[PDB]
Structures are given as C-alpha cells and as structure tokens.
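K.L.:
Take the sequences, apply the hints, and build the full model.
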Amino acid sequence: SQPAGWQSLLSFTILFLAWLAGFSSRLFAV
Amino acid sequence: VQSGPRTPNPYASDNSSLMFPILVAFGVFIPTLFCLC
Amino acid sequence: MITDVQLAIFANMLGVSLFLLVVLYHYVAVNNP
Amino acid sequence: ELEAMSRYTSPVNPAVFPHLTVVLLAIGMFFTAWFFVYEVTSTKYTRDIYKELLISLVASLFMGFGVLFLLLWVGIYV
Ligand SMILES: CCCCCCCCCCCCCC(=O)O[C@H](COC(=O)CCCCCCCCCC)COP(=O)(O)OCC[N+](C)(C)C
Ligand SMILES: CCCCCCCCCCCCCC(=O)O[C@H](COC(=O)CCCCCCCCCC)COP(=O)(O)OCC[N+](C)(C)C
Ligand SMILES: [Mg+2]
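Chains as they are written, first to last, in UniProt numbering: chain A, 63 to 92; chain B, 254 to 290; chain C, 1 to 33; chain D, 2 to 79.
These aren't lab readings, by the way, just hints derived from the structure by calculation.
For every residue, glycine included, the Cβ atom is placed at its ideal position computed from N, Cα and C.
Hints are not guaranteed to be accurate.
Unchecked claim - Just some of the chain B residues that point at chain D, by a computed CB distance under 10 angstroms:
id : residue
1  : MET272
2  : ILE275
3  : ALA278
4  : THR285
P.N.:
This is how it looks when you write it as structure tokens:
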C-alpha cells in the first residue's frame, strides 16, 4: 500500500465530491 | 365510462420473496471475492 | 420527489465531508512527503 | 381467449427496485475502486493483464445492472 496510490485516490475522490456538491447545490429552483 | 375497483397487486409475499433477489446478489459477490486464488 | 429540507441537509453534509477530506489530504501529505 | 391467460407480473417486484439498486451499485463502486487503485500503484512490468480484464469485467457487470435498476427506479422504464 504505497501512500502515493492512496493520495491520488483521495484526490480523485475529493474532486468527484466537489463536482457533486456543485451540481447538487444548484437544484433549489428545480 | 368509469372503470371499476382496482386490482390487488399479485407480485410478492414478505419475508421470502423481497429479500431473495438481494441474497442472490450477495451470494454472487462473495465467490467473486474468491477468485484471487 | 425530494423536498427542500432533504436537499439542504444533503448539501450541508456534503460540504462538511468535503472540507474534512481536504484537511485529511493535508495531514497525509505533510506527514509523508 | 383473454379468459385463459393470466395477468402479467413484472419479473422483479417493483417495491424492491430501490433496495436492489444500492446493493448492485455499492458493490460495483467498490470493485471500480479496486481497479483504479490497482492501476495507480503498478509499474509497467509488474502489471498482469488478466487481472485487469477480469476486474474490469466484473466491475462493469455490476455497475451496468445497478445503473439499469437506478434508471428504472426514478421512472424511465426502459
Ligand atoms: C470526474 C473528474 C475526476 C477528475 C480526474 C482526476 C484523476 C486524479 C488521479 C490522477 C493520478 C494519476 C497518477 C498516474 O500517474 O497514473 C497514471 C494512469 O492514470 C490513471 O490511472 C487513470 C487514467 C485515466 C485517463 C482517461 C483516459 C482517456 C483517454 C485514453 C485514450 C499512470 O501512472 P504510472 O504508469 O504508474 O507512472 C509511473 C509511476 N510514477 C510515479 C513514477 C509516475
Ligand atoms: C455510500 C453509498 C452510495 C451507494 C450509491 C447510491 C447511489 C443511488 C442514489 C440515487 C437515489 C435517487 C433518488 C430517488 O430515487 O428519488 C426519486 C426522485 O427522482 C428524481 O427525480 C431524482 C433523480 C436523480 C438521481 C440520479 C442520480 C444518478 C447519478 C448520476 C449523476 C423518487 O422518485 P419517485 O416519486 O419515487 O418516482 C417513482 C414513482 N413513479 C410513478 C415515477 C414510478
Ligand atoms: Mg423491454
């Protein structure tokens, strides 16, 4: 378990959750 | 013009039929996490 | 259909989880350069 | 006649479309996360192609069925 692989997995996960939070906070008019 | 009384759903029965598919999914997942060796 | 309260709770919890993951990333990277 | 036939049931009980989505979507996600990790921590020589194809196949299978059940829970009825 290299910390580089987990570090990159964490980066990908946090970018995906940022995407989803940006998409989900913009539905209060729909 | 008006149809009449609706029909009861003949689909399933509780404690066996609802959880049977979920259990099939679980039982497939576990042997898939066995093909490591 | 989703209500307004459910989606507001969802947005709040997701933002909090985002910032927790930010601080976790900083911790990991600093501790193991 | 319409008298000798039986009323058509769906192959899956509708009230279990949600519970069968998440289970078939969590596992899938899990498998995908196992694939991605494997591709970050592996050098060109060490990588085995068979494990790649096999985990790709299983993750894609569960993810596809889960996407179908999700698509069918929201009300598209493919
Ligand atoms: C939804 C939005 C999400 C944002 C996405 C951001 C992704 C964050 C993760 C990126 C980190 C990748 C790190 C990486 O190098 O992986 C690539 C290989 O990289 C991969 O594993 C994934 C590649 C996917 C690219 C898409 C391909 C499409 C076009 C192909 C024709 C191969 O690495 P290696 O081959 O191991 O490099 C040698 C190891 N060194 C450390 C010495 C470099
Ligand atoms: C850690 C655990 C994570 C495991 C993965 C979980 C992912 C699954 C989450 C998806 C939840 C969907 C929300 C939902 O189902 O609510 C919908 C409301 O329908 C909608 O309009 C919302 C649709 C938006 C959902 C699309 C998400 C897909 C993601 C791609 C970006 C309920 O609508 P209903 O009113 O029930 O419609 C059914 C009744 N009909 C008459 C229409 C048949
Ligand atoms: Mg059809």
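K.L.:
Take the hints in turn and mark each one as holding or not.
P.N.:
Comparing the hints with the structure gives:
Given the 10 angstroms rule on beta carbons, the hint for B:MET272 holds: about 8 angstroms separates it from the nearest Cβ of chain D. Taken as an interface hint, B:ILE275 checks out: its beta carbon lies about 6 angstroms from the nearest beta carbon of chain D, inside 10 angstroms. Taking 10 angstroms as the C-beta contact cut-off toward chain D, the hint placing B:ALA278 at the interface holds, the least distance being around 5 angstroms. Hint on B:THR285 holds. Least Cβ distance to chain D is approximately 6 angstroms, under the 10 angstroms limit.
Of the numbered hints stated above, none is contradicted by the structure.
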